[PDB]
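Number of protein chains: 2
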Amino acid sequence: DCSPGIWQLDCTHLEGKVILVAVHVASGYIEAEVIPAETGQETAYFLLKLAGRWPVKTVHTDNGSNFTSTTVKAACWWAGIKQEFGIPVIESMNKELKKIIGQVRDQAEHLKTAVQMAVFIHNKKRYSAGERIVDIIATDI
Amino acid sequence: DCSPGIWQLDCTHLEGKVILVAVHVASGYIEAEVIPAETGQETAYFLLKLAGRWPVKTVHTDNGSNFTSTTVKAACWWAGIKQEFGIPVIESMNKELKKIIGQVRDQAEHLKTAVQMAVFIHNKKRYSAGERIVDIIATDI
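Residue numbers (PDB author numbering), protein chains in the order written: chain A, 55 to 142, 150 to 187, 194 to 208; chain A', 55 to 142, 150 to 187, 194 to 208. A prime marks a further copy of an entry chain.
These are calculated hints, taken from the structure and not from any lab test.
Warning: the hint list may mix true and false statements.
Intra- or inter-copy, both count: the list cannot distinguish identical chains.
Using 27 angstroms as the maximum straight-line C-alpha spacing, the simulated DSS-like pairs for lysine-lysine come out as follows [said to hold, decoys possible]:
1. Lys159 to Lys185
2. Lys186 to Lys71
3. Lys111 to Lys185
4. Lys103 to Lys156
5. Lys186 to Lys127
6. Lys136 to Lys186
7. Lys173 to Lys71
8. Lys185 to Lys136
9. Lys127 to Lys185
10. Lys159 to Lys103
11. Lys136 to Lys173
12. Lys160 to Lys103
13. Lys173 to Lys160
14. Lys156 to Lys186
15. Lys111 to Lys127
16. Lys186 to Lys103
Chain A with its partners taken away, still in its complex shape:
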């Protein structure tokens, strides 16, 4: 959890929709996306996007069956991502995100937009989570 390369991935539901939530464990920085279904293809596609922006070395999840998909294993293999085993946080983070979404829900037509507005508010809330991840990654370099 001290290591700057540990992320946690989890899908949560809201308004009959699926939200994929990634948390940088050391900083609390969040990325979220509404996906059409809880499929390995959506997970694999999200991991490639995440690995292209940040250093992703190991990933954890609260539902191990999420990572059994052959498509997910292919994406982790290509990007050099290992499965994390040192975590026996997202409960709090998912409830935290669902709360901020409720505050901004009225300001956006679709749930798509509310999720990104909530991610914006979380990462800048104030150091902020957005500043802390950059600081953590910078020193590690």
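Position chain A' relative to chain A; hints supplied.
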């Protein structure tokens, strides 16, 4: 262009599909996404995602009419993003991205995946663009 908050947004086409490409001007770091159509709604949604991850203060584009959409102005207003006027780079960057996509195209079924694999290769190519943006943002803090 020295300022760490300047981004450039442009849509490019490949295989009858639209790719939205964002470039961090000071570092050369890239984010890209295949979008269904060149609409203001897709642009506005992409900007909110970008502003939630990085500090986005001003944005430039090669096609000014991209930013006339009332939906785009609403997103820039809510996230506190101004239109950049100090740039009279994406030509090179879009050709660079299209080249890397061609190298990896055979390794992925859909163009969606090839674009993210190309973004991955660009930002880690090696400092790398992914390291340089974090360093730039860190010192600015």
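Hint check, failures only: none
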